[PDB]
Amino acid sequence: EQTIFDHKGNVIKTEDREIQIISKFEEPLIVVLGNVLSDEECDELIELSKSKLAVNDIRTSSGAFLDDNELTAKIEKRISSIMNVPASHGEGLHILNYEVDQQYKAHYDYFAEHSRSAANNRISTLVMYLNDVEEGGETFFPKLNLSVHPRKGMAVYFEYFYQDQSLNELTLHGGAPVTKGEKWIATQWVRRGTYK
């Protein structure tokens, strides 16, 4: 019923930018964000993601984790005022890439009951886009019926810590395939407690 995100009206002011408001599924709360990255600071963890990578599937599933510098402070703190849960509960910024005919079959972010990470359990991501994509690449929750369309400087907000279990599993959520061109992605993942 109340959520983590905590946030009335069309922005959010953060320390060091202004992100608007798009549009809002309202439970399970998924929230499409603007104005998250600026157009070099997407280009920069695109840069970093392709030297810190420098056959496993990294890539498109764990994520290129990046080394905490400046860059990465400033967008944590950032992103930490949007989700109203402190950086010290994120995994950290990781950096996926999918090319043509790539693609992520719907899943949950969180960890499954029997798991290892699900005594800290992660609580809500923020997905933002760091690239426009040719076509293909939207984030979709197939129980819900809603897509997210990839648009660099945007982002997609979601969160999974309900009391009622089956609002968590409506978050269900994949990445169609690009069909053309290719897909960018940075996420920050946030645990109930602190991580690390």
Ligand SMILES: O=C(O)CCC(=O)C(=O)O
Second form
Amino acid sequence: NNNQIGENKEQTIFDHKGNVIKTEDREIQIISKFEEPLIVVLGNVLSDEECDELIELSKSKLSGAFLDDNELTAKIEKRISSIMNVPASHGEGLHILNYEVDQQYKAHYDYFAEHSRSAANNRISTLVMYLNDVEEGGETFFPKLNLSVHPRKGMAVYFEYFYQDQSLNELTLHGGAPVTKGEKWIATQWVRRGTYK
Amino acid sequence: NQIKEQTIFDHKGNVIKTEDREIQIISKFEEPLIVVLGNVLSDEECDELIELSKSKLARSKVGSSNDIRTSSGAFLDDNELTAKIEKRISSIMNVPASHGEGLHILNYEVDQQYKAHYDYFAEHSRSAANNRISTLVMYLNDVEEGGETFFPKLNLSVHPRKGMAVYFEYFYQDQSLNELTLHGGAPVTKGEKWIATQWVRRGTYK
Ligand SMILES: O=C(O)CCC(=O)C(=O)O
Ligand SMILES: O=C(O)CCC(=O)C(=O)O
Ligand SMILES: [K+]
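Alt. form deposited with the named molecule bound, vs. the form solved without the named molecule above:
What follows is the whole complex; the chain from before opens it.
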């Protein structure tokens, strides 16, 4: 029952210790952390072939679109659940987005306004997975924090917005900067507070 | 019509093409500028640097018997490998290799740490005549737990990952921006940590 040590900080959903996240089928690398709100750059999230397969599944179906469930998407969602420390049933599913040149995603929040039907089971965290390499542009940027993550195939950026202090959630404003050369493919997993699917 | 101080590192885009390798720009903290970089050193280059740091090429002892000091670690005298790596690093850092102090190798064992500090020298010192302006810390091995490079005034950490590096600079006119680059190496709690550091001076050093 010792004295208080350091300042009191809100607990996060992502609570992994160390430099690696050992999932059932892959060891994910913790690359960098912005402490609060928690933004984590992750390495070795998806294999090259998994990235290819997700893009292919996306093209055959066609803003973006969710993939239909199959053995690959369930495998990937299971791995993602280990990273995000929330059961896969809380995720909305693998949503695939393709940016052509000059396309972008203007800054926004991923959680829903309190006064909306969707906020009854609100989003609490996001994982953005880079499915290809982007010749130029396409950074994921957080303008209130002056932090950017640059696309790199197989890597991902994790961030959460489940804080009691709503100003911390409001620091998670983020966008996809315009692609200026090449194209950008991402998969996004948005995680809800409760079971979604 | 007008629409921030300029930086030494001014690379545009997602990669840095050097004479022999394409380095990956992974993440950027804008000001003071801190950049996580991928694909800096190959696995074998990391292993060889570690081995060289235990040879007669080293000028001192690379390992220590809890707080790392400025006498801890060793500079490597020049050979074919170190020159090749310094040439690559110079393209990353946008400064000629002759401004670098040379590869400095440091080994941390369990419980060892580098308490938070600045890399630049105090104005009132002989070393400030040709002060340091930027640092590249290259991770030469994997660390299971601990060993993060942390910036306590910015609440940002970079975790060790073999072959990656963190770059940061402290050549700003606004001195408060330089003082935001206070950083350290968090204690290694499982395994060991090997790094190479290149410190770059404003003018020719060697
Ligand atoms: O394209 C990006 O980098 C950002 C993606 C994003 O904002 C999302 O998928 O929710
Ligand atoms: O060990 C680290 O992560 C940081 C080392 C450092 O601060 C330096 O090499 O100058
Ligand atoms: K030293």
